[PDB]
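Here you get one chain, nothing else, as structure tokens; it is the form solved without the named molecule.
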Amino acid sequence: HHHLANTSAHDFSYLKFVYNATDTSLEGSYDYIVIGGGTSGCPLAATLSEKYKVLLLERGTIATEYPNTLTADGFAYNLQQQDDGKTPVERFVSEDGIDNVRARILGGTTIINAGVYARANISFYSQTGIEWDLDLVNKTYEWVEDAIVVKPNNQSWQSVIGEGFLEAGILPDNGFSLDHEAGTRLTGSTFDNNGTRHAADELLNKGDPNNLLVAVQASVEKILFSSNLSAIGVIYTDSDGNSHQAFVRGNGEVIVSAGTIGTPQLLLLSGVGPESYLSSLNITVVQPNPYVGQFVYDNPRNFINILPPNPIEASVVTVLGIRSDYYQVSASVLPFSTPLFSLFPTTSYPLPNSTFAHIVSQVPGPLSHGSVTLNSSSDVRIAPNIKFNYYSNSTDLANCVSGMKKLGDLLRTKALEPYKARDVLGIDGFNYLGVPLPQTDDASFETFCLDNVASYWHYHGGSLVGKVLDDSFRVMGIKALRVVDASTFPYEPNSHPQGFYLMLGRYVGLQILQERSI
């Protein structure tokens, strides 16, 4: 933990090589084009720029345009803000009926998220069967952590929840650790101890400022292709609606880093995907693959809200209670009269009048899956349809039951006892915002899980390694095309995956360079 970042202002030095996509002089040949300046995309583009000419295209603007993205205090504002098509938070509703968000900004979802930093479960690497260079993975985590991760200072509510998890049997006590392991710990945060947000856009500062160019408000609409099928470039439009082209040259590559939703969407619009589906939309099939936009996952969030009779201090999540079958945390949150879109799964949810503890459990995997399909067959700015099929797999429901029973145990701890409105024996002594925990039968817990599910926001899949990609993240059947982002895996790396996806952008960047050099 020598390596971690210090308290520091958000480093915008990289803006010296950020340009409006309206600039036609960005058009031309590069060694690499990275689509999506997000969690994976920014460290990938920065890494490739050490040796080669890179163009990073991001649909959103720069985070300075939306100052409430730059502090812990600002987190609520960004989810409360109406989506006018330019804001850093893009709102959507799954076909399941569950409200959700994705980022639209340079730095991607690291500019809007809850700041929690963790490394992958060390068993994840062997689970994938990918031949990881595990020494390099660990060097890559330290490169991220040196730049943007701190050891969080103590927060009253997080310490209460930590004592509660330990008392409720989420053992052992792991103290301060970045590692995803069974038990209770303080993990890292991308919010510094002054409340400054640090994010994936800062990793652009590790890029070579003579090799890296970033275009913002660059909406990438199509991947361009070469009978030896290759990606050759992209079409992108600017904020005025004019079209632009860029190309890769020589042994260069296009990498799609547009997220679980953006990646499959762009692959389908470009004619990569299921043959009968694309041919049903009269989209010319460049590469038939049945799995583009298939195996899309959203880990369920289930929760209760308690309203302590004395105010609690608002906190960012730093304390985690991990078991193999559920991952638990709690935020303490100020009251509001404008809802945080997707905090609760629909717009019809009570507003809190006082400070509340949002106490949550995450279902691992999950095993339930759905898909991304096109709404428009031409317009990338029209959000695709996304369905997660929450609790379609009975294992997921069984795991939520275990998690909700454990939150029951948590509300019974001496740790939490001071936060009750009534000094009675039962957890009905708490005041609840919304639905409280339900008897000695699983069926009431099942109904609670099914009825009150929300998004954890850690959705993943749609371009899986083993289905769309090979073990080098290449799109099977296409040269000079890769995918690096959360679309690539069908299970979580851990409870809080930003750490893994930040590492993955640089790691795959280093594998591309090593491949090159031979």
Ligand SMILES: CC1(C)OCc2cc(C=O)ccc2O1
Contents of the next structure:
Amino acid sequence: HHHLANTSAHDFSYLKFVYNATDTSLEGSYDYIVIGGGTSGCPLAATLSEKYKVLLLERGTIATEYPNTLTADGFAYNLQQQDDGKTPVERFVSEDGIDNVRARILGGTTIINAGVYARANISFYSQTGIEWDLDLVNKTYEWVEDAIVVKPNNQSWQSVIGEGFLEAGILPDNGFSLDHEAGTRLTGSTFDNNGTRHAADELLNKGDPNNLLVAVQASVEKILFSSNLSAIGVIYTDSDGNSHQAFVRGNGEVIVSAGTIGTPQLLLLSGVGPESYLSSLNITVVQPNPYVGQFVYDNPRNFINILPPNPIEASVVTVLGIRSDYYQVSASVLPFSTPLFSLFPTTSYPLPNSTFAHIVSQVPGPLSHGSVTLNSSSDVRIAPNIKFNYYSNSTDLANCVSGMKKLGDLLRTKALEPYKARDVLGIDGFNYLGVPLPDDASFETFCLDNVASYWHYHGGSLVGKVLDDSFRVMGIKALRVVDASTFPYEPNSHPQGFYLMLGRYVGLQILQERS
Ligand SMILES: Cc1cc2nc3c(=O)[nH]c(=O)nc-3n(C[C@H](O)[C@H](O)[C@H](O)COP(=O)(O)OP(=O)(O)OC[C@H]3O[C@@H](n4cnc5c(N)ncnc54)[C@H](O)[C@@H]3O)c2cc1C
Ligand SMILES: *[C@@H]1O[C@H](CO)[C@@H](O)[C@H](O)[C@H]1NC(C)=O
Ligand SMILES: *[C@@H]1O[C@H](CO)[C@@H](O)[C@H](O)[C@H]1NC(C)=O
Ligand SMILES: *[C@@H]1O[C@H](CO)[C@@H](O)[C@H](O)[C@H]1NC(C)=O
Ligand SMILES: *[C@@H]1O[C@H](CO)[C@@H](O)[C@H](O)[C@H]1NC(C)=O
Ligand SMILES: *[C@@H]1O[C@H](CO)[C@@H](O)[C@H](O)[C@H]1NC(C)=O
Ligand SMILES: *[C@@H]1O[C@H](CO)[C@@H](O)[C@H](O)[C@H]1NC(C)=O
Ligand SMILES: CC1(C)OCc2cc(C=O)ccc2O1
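Starting from the form solved without the named molecule above, please write out the structure of the form deposited with the named molecule bound.
Then the entire complex follows, led off by the chain already shown.
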């Protein structure tokens, strides 16, 4: 952990090569175009720029425009803020009826998230069947961590929860570790010890400023193809609504890094997707693939909220309780009168009047899946439909049962006993905001009725379905996808670490292949 970042201001040096998409001089040929300046997109573009001319296209603006994105304290503000179409948080509702958000900003979801940093479960690599260069994976983790990851300071609530998890039998004590392993640990954070947010945008600082150009408020509308099927370029619109073209040249490539929602949307809009679905919308099929926008996953979040009789200190999540069937954390939260959109699954949820502990469990996988479909066959700014089918798979429900029973165990610990309003023997001694924990039937109803998004959604452009083991779109030359659309299961409890790593790792695979 010699390599970890220090406390330091958010580094915006890269703004020297960030331009408004209104600049027509950006139009032309590049070696690489990366669509979406997010978690995977930024480190991929920075890596490619070491040797090649790169255009990164991001639909959102720069984080300096929304200062509440740059601190731990600002986290709530971004979810409370109304979505006017320009804000870094884009609000949506799944067809399941569950409120949710995605990022719309340079840096992607790393600019709005809860900061928790972990490496992938070391078993993930062989699970995929991809021939990963495991030494390069680990060096690439250190390259991310060196830039943006700290060892968090002590926070009283995280220490309480950590003692609780251990007392509740989530063993062993792993101390401070970045690794996803069974047991309780302090993990890394992309919030520094001063509360400054560090994010994927800062990895642009590792790019070559002579080779990397970033266009912001660049809404990529279509992938352009040859007339040997190859991606050749993009159409993108600017904030005034004027259109622009950029192309790749020679052995160059287009990479889509537009996220679980944005990637399948743009593939479908560009005629890459299920023949009968695109034909039904009169979208000309460039490449039939029955799986674009299929196998879209949202790991369930289930939770209780306790209202201690004495104030607790607010904390960022740093302490994790990991089993193979559930991943658990808790945030301590200040009261608010404006709700944090998607913290609770609907807008009709009680407001807290005092500090509360949000105590949560995450279902692994999950095994339930749904799909992304177009709402508009022409306009990328119109959000696609998304459905996750929470708990349609009974293994997911069985796992939520186990998780909720373990949160029961946690509330019974000596660790949590001081946070009860009444010194009675049972967990009815706590005061709850919303529904308290309840044989399995009542745990099942609790799981089904009170599910929220963990925000760790993934899928829609899966390796083995749409992509090969090199992240290439099967049947198309010069087109890759690198982002959370690529895997049907989580790499770990907190996937930003994996997707930051993946952007640079695939960039290095691209540079090697080209040698
Ligand atoms: C509120 C919240 C909290 C979270 N907390 C954590 C946590 O603490 N730790 C953790 O590990 N994970 C966390 N996650 C999950 C994790 O951050 C995400 O899974 C991950 O960042 C996704 O990376 P991505 O590259 O797939 O997408 P993104 O990072 O969202 O990148 C996609 C980018 O593409 C852009 N875009 C989309 N369509 C287009 C288009 N057509 N043209 C141009 N640009 C486009 C978007 O604006 C965006 O910037 C959280 C998620 C949320 C929503
Ligand atoms: C780009 O320029 C337009 C005016 O042409 C302006 O409205 C918009 O805010 C600018 N966006 C950025 C990111 O500078
Ligand atoms: C990669 O790092 C992990 C710790 O994150 C370690 O368990 C593993 O042995 C390393 N693998 C290789 C091939 O070095
Ligand atoms: C597609 O176009 C045909 C005309 O060629 C029309 O009959 C059909 O209704 C159209 N479908 C859609 C969904 O636009
Ligand atoms: C790590 O990954 C493998 C799935 O490949 C799994 O068998 C194991 O449960 C996972 N462990 C944890 C603690 O998530
Ligand atoms: C577009 O979005 C709304 C959800 O807000 C939905 O009711 C409507 O039917 C959608 N249109 C299509 C074609 O899916
Ligand atoms: C759940 O998931 C697996 C696919 O992984 C499948 O075998 C099983 O049939 C599904 N279960 C239910 C209850 O649908
Ligand atoms: C938003 C708030 C209140 O603080 C951060 C937070 C983070 C996780 C991530 O594992 C889950 C829940 C949560 O709650």
